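We begin with a single chain expressed as structure tokens, specifically the form deposited in one PDB entry.
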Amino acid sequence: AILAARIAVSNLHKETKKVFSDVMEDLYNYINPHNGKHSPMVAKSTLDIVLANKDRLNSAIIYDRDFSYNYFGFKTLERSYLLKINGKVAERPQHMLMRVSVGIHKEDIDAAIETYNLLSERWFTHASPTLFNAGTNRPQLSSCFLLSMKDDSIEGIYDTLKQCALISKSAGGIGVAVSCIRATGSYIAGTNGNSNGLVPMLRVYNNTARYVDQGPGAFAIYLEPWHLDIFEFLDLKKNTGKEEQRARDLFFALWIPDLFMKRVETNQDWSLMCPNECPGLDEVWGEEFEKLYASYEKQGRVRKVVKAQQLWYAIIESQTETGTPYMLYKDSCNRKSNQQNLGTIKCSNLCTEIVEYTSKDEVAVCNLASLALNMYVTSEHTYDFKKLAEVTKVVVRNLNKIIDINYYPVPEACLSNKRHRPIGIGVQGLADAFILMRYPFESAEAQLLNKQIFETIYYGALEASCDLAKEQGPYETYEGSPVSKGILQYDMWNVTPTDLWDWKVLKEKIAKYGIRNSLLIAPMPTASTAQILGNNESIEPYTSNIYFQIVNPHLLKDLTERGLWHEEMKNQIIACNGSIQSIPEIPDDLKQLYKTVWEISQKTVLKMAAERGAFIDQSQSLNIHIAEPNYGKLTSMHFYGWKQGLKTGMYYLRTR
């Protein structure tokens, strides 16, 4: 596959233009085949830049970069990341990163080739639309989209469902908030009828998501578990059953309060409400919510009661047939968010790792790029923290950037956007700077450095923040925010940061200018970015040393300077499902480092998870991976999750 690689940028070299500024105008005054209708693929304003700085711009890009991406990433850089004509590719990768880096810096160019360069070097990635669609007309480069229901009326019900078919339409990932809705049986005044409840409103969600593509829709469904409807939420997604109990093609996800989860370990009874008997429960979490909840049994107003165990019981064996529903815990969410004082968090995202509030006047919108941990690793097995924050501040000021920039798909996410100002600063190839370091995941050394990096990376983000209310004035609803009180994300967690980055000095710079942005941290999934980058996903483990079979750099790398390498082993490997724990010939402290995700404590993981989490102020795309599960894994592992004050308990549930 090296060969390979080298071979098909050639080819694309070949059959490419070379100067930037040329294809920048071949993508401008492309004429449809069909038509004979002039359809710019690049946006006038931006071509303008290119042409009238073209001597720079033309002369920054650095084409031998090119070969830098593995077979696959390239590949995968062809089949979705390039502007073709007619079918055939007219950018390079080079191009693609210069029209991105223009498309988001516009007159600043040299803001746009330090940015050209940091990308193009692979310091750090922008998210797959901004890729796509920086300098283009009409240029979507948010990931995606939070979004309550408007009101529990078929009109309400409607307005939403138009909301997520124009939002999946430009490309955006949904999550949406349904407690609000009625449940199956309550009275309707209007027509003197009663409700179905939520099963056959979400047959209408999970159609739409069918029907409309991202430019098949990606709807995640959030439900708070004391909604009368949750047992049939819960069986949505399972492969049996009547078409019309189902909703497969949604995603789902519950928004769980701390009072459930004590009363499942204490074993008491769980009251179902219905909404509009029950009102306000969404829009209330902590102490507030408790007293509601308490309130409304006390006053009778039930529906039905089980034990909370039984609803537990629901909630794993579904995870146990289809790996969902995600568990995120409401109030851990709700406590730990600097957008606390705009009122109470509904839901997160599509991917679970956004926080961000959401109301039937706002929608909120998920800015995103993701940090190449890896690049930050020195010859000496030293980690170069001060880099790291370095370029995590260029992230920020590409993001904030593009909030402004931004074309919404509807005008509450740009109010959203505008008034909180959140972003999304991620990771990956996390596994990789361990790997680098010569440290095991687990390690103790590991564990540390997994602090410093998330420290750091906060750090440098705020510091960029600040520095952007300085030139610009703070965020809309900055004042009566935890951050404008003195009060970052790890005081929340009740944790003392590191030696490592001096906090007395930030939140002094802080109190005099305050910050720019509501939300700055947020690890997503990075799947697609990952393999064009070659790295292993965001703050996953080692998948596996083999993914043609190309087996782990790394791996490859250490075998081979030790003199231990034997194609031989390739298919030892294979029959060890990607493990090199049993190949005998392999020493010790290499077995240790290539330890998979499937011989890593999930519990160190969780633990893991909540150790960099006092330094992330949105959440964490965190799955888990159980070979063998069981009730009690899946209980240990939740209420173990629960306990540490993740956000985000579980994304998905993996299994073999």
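Basically, rigid core = biggest C-alpha set you can superpose within 1.5 Å across the two forms. Residue numbers count along the first chain shown, from 1. What changes on going to the form deposited in another entry:
After superposition on the rigid core, the C-alpha displacement between the two forms reaches 2 Å or more for just one residue among 127, 569, 77, 377, namely 569. In a rigid-core overlay of the protein, residue 229 has its C-alpha displaced by under 2 Å between the two forms. With the core superposed, residue 446 shows a C-alpha displacement below 2 Å between the two forms. With the core superposed, residue 496 shows a C-alpha displacement below 2 Å between the two forms.
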Given for the second form:
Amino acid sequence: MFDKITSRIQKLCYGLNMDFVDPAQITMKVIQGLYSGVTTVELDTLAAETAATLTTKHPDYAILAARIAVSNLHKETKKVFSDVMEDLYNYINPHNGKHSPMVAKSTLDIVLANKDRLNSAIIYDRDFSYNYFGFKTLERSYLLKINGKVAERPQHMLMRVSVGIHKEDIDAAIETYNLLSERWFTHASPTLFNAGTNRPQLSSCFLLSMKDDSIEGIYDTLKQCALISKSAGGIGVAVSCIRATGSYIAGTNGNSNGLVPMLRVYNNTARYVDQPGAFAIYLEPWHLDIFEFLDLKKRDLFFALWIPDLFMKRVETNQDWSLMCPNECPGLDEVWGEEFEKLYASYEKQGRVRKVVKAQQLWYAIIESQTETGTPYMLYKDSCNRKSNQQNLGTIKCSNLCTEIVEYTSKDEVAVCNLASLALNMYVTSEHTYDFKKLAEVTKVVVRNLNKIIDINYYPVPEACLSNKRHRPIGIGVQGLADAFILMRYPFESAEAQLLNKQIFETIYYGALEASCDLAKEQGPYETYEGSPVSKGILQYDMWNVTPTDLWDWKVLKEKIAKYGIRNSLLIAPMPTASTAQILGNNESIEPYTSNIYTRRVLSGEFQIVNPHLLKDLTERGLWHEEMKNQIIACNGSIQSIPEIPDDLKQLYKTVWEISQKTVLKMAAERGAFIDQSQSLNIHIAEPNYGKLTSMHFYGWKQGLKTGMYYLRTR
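I would like to compare: after the form deposited in one PDB entry, may I see the structure of the form deposited in another entry?
We keep it simple here and write out only the one chain, dropping partners and molecules.
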């Protein structure tokens, strides 16, 4: 009867906390969908939903929820892997009648040719290792469907990616699958979506400079965006070389109307190709159409600024700032620092100025724009260039849609970059220690995937391929930072957390280099290596003037690189890891928990999710009841005012709002010394105020940060 369902629910509870996960409580709300002819597939499916609503009661309910839906998926899919593959390949769309492969013949045929090792390498019990929300994320958009019905099991998906990346190298494929299925790391979404497929477009970020300050050039550049965007990529565009409003047009007598009309056109292009889907636009502050730039947005492009140190200096000295038209003052964006500073001052001295403002006016126009919209993003051209390993190639003109990537672009090169994230929580042992070795062992494996990808990647434009091939850059990032601290009982801004911060990143960086180093021993160092800071014997931390903790042996590594080089020009760029973190149940990237309580829509259902680390503490400390959940909510997810919760927990679970943005920044600076490119630093300000903000950029710029601010969050 009622014991029928309840027992069946019992079946899937092994391992869970039985004082909180009570299964008869799921059956109460389910047994009332029992009509004469209720196909038990949908009883089952009801059960998953109910369990997920009780996630608010304990976090292992979420885990039960997943295990039920995964059961259904299992009953619904084929088990044997090569068989799911075959049917994917064989797909014929019945509307057109035309044979549509969904997987490349090249993979399928590697698969069948090595079918026995591969089919058996797969452990389907690992499918039961996501939570409900992580799992529905996959199901939604990651496991391939045939006619609405999902055909891929997550393991099928994982294994497809492994053979995408690794082709006929089997050991290597299986290895990338274990590390993957076991959850030590993950590639970004393009790789996941597209590895194995006929459009194997795997890279994520793309970044451009305007081909020319002419129409030919504008549109030439604009068609590239159009094209890139077709193969769903992040796009950055430096745009500062284009002449400003009122500037003469010699080939008509007309006047240029500036960027505002021009950026519309780009904007329309974002809106037109989607398969919201946005572009990042970069402006340097000496550009005449600066004020209107911080005015379009007060519209599906994101803005950021490529700031010279000079500008910052003038600002805090209450000095004047000059504004120029790039046609009237050329070569400005192909030079930085000392050299920029001289040139600029020299156009300035020749009265080659369009208009002059008190510097601080510009500064406060920006402050205003951030407070309204969170943008423009803040990047320090001088820091980025000064500390690039690609700097031997020219002046770096902008960055990507997210501000983690500092790579060179030109009339004939557009930068690419493929990403992976290591799951930083996975490395804390039960002995309450951080397994550093393992972290370097996974990095090597990851550096080799991103690296193999460069060679098998589908590029939307020749310019991309060309760049990537010449410089082989890779971007490794991390998720679950916040989660790793908590698991080690460390308050985020603790000094224990701060050392672990440094050390994690020494480690990742070390392993990265050491792989790349072995790869230069094999394939040879990349083309533009000779010239680079690292050939000269300088690593990231040297350019920051930092002497790393003795956790590893830098002295020796440097020698290894001295004999062979490195295959890849750059390796390290923490990115927002938006929804890959959501699948591995990790907080998103290098950031603290925004809220200890948040929500998830899953199709048509809404769910209240409490920080799981938090919830596991308070339930087991017998503190958690209805009125508590409500109390927290009323404090926008804070546990600080709740009278009856220990102060070490209060400490452990500060929201980001209650944590110091400065620290956040200092820590970013601390780990920054070990990061090739940059890191996507969102900032969160409480009761924000011009003094409280200004003071905040300057600290970042002073800290030596390539990227000062990504998005800024208000309340």
